[PDB]
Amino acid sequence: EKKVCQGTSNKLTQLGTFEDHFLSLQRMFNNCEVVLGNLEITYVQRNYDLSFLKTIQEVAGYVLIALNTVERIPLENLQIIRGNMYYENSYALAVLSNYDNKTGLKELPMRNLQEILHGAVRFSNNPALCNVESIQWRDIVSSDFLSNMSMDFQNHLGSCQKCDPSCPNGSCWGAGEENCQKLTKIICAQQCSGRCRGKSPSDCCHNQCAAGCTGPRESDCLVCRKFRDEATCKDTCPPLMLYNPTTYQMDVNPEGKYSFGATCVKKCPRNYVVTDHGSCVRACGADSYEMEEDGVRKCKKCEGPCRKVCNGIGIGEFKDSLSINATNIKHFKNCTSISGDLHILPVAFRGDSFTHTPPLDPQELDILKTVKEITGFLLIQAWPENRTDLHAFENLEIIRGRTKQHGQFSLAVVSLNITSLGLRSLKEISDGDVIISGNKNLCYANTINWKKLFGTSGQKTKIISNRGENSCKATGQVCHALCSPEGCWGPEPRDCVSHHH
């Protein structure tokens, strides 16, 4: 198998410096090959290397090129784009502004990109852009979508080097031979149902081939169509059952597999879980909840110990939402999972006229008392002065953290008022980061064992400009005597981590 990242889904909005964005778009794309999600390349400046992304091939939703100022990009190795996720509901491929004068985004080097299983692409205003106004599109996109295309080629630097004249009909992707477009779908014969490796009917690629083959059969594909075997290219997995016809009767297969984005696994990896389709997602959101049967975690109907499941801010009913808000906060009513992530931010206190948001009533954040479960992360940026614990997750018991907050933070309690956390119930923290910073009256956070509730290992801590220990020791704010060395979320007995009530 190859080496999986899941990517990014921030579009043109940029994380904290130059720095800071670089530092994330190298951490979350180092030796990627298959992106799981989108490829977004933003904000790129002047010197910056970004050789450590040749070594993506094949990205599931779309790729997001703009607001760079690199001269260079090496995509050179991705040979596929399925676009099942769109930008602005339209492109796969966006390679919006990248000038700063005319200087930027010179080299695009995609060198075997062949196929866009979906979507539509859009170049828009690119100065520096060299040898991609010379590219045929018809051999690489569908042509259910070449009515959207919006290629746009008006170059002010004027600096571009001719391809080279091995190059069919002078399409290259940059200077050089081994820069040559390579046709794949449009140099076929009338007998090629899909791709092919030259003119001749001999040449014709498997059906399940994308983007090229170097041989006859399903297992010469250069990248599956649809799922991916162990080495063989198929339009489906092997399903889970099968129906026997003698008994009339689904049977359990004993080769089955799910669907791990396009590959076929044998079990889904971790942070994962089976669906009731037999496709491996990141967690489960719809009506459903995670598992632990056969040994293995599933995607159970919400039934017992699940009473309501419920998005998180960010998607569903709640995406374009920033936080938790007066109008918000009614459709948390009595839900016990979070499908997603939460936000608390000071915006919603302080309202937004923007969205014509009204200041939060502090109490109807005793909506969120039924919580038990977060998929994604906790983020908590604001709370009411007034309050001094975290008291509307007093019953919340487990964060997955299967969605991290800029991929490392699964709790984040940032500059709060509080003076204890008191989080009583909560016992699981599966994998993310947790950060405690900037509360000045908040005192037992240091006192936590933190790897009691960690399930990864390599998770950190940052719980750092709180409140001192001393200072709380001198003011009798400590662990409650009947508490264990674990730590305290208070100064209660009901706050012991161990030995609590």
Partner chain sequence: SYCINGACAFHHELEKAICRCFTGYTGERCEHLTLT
Contents of the next structure:
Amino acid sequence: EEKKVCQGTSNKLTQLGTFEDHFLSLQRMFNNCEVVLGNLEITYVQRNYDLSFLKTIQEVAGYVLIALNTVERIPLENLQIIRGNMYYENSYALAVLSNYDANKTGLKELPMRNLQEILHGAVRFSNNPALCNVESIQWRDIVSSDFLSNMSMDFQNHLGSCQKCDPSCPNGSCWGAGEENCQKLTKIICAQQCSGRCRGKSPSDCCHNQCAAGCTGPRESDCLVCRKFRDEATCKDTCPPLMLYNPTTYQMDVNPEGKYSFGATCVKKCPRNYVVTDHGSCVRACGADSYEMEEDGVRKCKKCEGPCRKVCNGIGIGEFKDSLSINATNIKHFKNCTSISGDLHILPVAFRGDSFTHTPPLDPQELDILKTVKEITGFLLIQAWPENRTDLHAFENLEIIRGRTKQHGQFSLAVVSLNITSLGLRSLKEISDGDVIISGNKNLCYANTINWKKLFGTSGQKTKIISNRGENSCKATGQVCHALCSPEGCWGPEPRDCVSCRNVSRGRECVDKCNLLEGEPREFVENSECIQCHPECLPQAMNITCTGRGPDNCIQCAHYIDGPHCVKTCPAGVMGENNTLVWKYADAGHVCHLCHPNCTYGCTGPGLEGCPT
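Please give the corresponding structure for the form solved without its partner chain, as opposed to the form solved in complex with its partner chain shown earlier.
Excluded here are partners and other molecules; the one chain stands alone.
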């Protein structure tokens, strides 16, 4: 059956407004909810507030937190499972804490008579002076053995005005008064023969591996709850794959019966406002290592190129208002920042420290934070640099300087009075606006080689490169451009320091050749770039190894041949057309061939022979 869903919350112990607002928002979120995709957090609920709406809840994907409540009763009567996909305080799937007041009254009853399963995580019970019956509970039937060591159970009252468990309860374990509140056991009472859950002690009374909490029968269609996924009326280990193996083309085709995973549910399409992930799941929003893109009308998550784009403020604007430089205190805020909205100042006051503003000296190791910066909206002004660093190392990934705002309203790039030997600006591709000043850098040797008119966006942009190391002494001491650089100049001596190469390149480096016939990792040429061959291409003597990327572009396979592909191993267990697995074996010539159709688990050779039997 398809259930009513809700997001859940992640407020931990945070209060939202007054006790009334907090309640109203708790109610708005969980009212009529059957399955919580996130966490169920019930906090700050005052005496006499009605929590009857909680009766509808039956599944919680994350954790359950019940803290600082004053209500006598929390009717979570139908909660069957807590999946523990997320923990509270690094270890708990269930945490019931400090549910009392000044008089030592509070939560008396938490009748969780249907809670039979806690897939992951431990249970914490702390400081609930009014709580009844829960101390009787046998958590060994509820919680996975891996977590019994991490349990945190503290129970205490006076007599706490508690009713005893019904005589009919096993080992006297109950959730409250009455026989309906007895602990139903489905793990500890099982036969030794049983894999997981059971509906009784007998071998007949045994649940399908795919069941969670309990079952009504022994099929994967008879589970109370699905241990992993529910595809319509059945519990399955995974959803029908989105892609399937086509034995004819050897190509992975889109599965017409393919299903996306939404929570612990298998869906043909993600619900409205949900994003598709790189693993078949429906998600509310993309991760930290990924951005969203509405490719083919469907919103999708794509792992972002390098570090994910973070546009953040320059010196003098946001947090950085009234700050004179990138300094010991502020440098932390520049963390994974890729774009700077405004200017960047690196002045002597940073390295020396400032009494008046309580800024200690900057530790030169901290400058490595700036390696993520690829774009500067304003200008870059460097009047101080650690004397032991030969380069502007921190700015090695800086691609563009915009010059929207300029130093003294003129310069977009100001590099002044430093011990640097080279401008380590190998990524600098554009100076959109503003002038460029490079002066007083006594040891600076390469500035003069660059074709600044290439970098410059407009004409009118000028350079003031003077008072550096003598251009003759640079030449005289070999401090010139690598022979592989184009006449377009360099940022330093290394072949990675060129503006452009005269021939080929491997990565950021200008090279004399690509590994076409001789190299360590074999390569092909695309747009004067040495691109590696797939690892499955067998290197060739006196001939090219590959004609492009992938295992479909090898001259010869290194391990196995699966039609047009070179494979490290033959396809085994990949899903094919009409819900039947593809299993292949390798012959004497290393060629992958389909297993006999009766080899539902895989084979070592042809026919029923290489198949036990």
